[PDB]
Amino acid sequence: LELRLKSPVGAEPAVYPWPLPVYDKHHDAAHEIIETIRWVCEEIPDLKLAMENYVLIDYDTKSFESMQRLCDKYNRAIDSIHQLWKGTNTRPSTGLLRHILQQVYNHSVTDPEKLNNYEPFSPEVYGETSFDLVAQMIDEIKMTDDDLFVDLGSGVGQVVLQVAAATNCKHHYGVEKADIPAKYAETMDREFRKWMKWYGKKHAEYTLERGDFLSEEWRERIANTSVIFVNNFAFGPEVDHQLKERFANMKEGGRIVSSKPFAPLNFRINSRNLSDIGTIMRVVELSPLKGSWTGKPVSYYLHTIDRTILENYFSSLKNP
């Protein structure tokens, strides 16, 4: 007993067992099947024509025969369209990406109890504000092929997968120290690549890793990163202090996107604060409410390595 969904690009079919898995009280694999068919029909206009109207209105998620009717109607339409293309990979849309990331998480994080995360910006609630906030950030930082993106404490890899699907960075890295999210990130990686192939969607190169970003190996790695992303909201003072030390080795124009600023927004250099990281970096608050945002009143911080802050203070002492 199983349900099969044919790929719009001829990849290996999506195979679901019956009874279908349940994700939570209001979310299950049946709704995922319905939403996948709908997204495929949205992106392929010919497919919508081929597929009968009623099929997506009258379905019973709790009926094997009903779900199988729904799956067969889609598959036949996939077959009709593949015969039409016989007679002679882009980036996913934002909408489709939200669906893919949720789908990848649903298939990967099978026991979310195991995460022990009660934080408001945790993997279990990613689609709520994070997806939209990360999307707002991608539009604001505007990375190129010369950039290398690192998420320090990447969890199950959701930020890395979103940025990789949206940008053209040389490479995207995610580093996670903790055992449980790092083991789930291995499945997230497999599922992401499988589903992206199924939809026929392109993504940048990315690596999800297990490791301590405060290690010796990661000192030179932070130093050579152009865009660092770090949710440092719960970070201790020692972790904060150590990170500032790693950031002090970054190149001019290097950027750090974070939840809490690493330097005051109103930092003013003087004879007493010359050790502070604020002497070598600009800091701005980016709030989607300032930048048609109707979500949570959230903000993130953009830091830019700029050693001219320090250079100017010295030139000012030498040239009054």
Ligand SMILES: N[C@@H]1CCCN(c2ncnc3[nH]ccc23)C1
Second form
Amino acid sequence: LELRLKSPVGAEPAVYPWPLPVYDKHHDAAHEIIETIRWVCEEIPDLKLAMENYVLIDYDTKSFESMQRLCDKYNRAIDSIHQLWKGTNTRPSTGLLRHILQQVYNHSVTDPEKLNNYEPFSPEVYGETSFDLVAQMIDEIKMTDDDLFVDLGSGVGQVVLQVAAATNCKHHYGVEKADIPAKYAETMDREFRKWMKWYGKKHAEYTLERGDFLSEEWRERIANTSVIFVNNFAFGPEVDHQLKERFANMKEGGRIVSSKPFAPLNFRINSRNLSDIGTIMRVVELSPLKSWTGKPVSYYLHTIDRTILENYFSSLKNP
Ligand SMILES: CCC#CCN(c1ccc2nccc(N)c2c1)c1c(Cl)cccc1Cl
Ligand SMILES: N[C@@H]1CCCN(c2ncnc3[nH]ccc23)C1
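Coords for the form deposited with the named molecule bound, given the form solved without the named molecule:
After this comes the whole thing, all chains and molecules, with the earlier chain placed first.
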């Protein structure tokens, strides 16, 4: 007893067991199946044409026969389109990417209680605000093939997967210290590569790794990173202090995007604060409210700029 969805690009079929997995009180694999079919139809106009109308209206998610009929109608339409194409790698749209990431999470994080994450930043609620704010961040910072992206404390790797599907950075890295999210990130990685191949979608290279970003090995890695992403909301003074010492080795123009600023927004260099991180970085608050109708949220963009410090010394020598 199972349900199969044929890939629109001829990759291995998606196989679901019956009874279908339940994700939460209002979300299950049956809705995921329906939404996957709809996304493929939206993406492939010939498929929308070949498939029968009623199929996506008259369905019973609690009936094996009804769900099998729905999958069969989609599969037959896939076969017709493959026959049509017989007779003579793009990035996912934002909408498709939102669906893919949720689907990857649902097939990977089967026991969300294990994460022990009760914050708004939890992987469990990533789709609510984080996905949209990360999409806004990607459009604002505009990375190229010369960039290296690193998420410090990457959880199950959701930000890394989103950024790798959307940008052309040379490489995307996620580093996570905790055992449970790092173990789940290994499944997220496998499921993401599998689903992206199933849809026929391209993504940049990425690595999700277990590790401590405060280790000796990570000092040079942070120094050589052009874009750092970090959810530093819950960081204590020691981790915060140590991380600022790591940032102090980054190159000019290096960027840090975070949930809390590492330096005051109104930093004013003087003789008493020459040791503060504010002397070598610009800091701006980015708010989608400044066609956003979501939560009134913000993130912080830091840009390594040692001319702040240089101008202070040249101003002393040039009164
Ligand atoms: C950890 C997963 C994530 C994310 C997106 N994100 C933010 C920032 C503030 C928020 N406030 C409230 C609720 C949220 N979901 C918020 C998400 C973020 C960005 Cl864009 C840049 C740098 C750091 C962060 Cl953490
Ligand atoms: N889940 C973890 C909570 C704390 C932040 N975090 C980290 N990940 C990887 N290296 C780290 N060194 C210090 C903190 C840290 C992720």
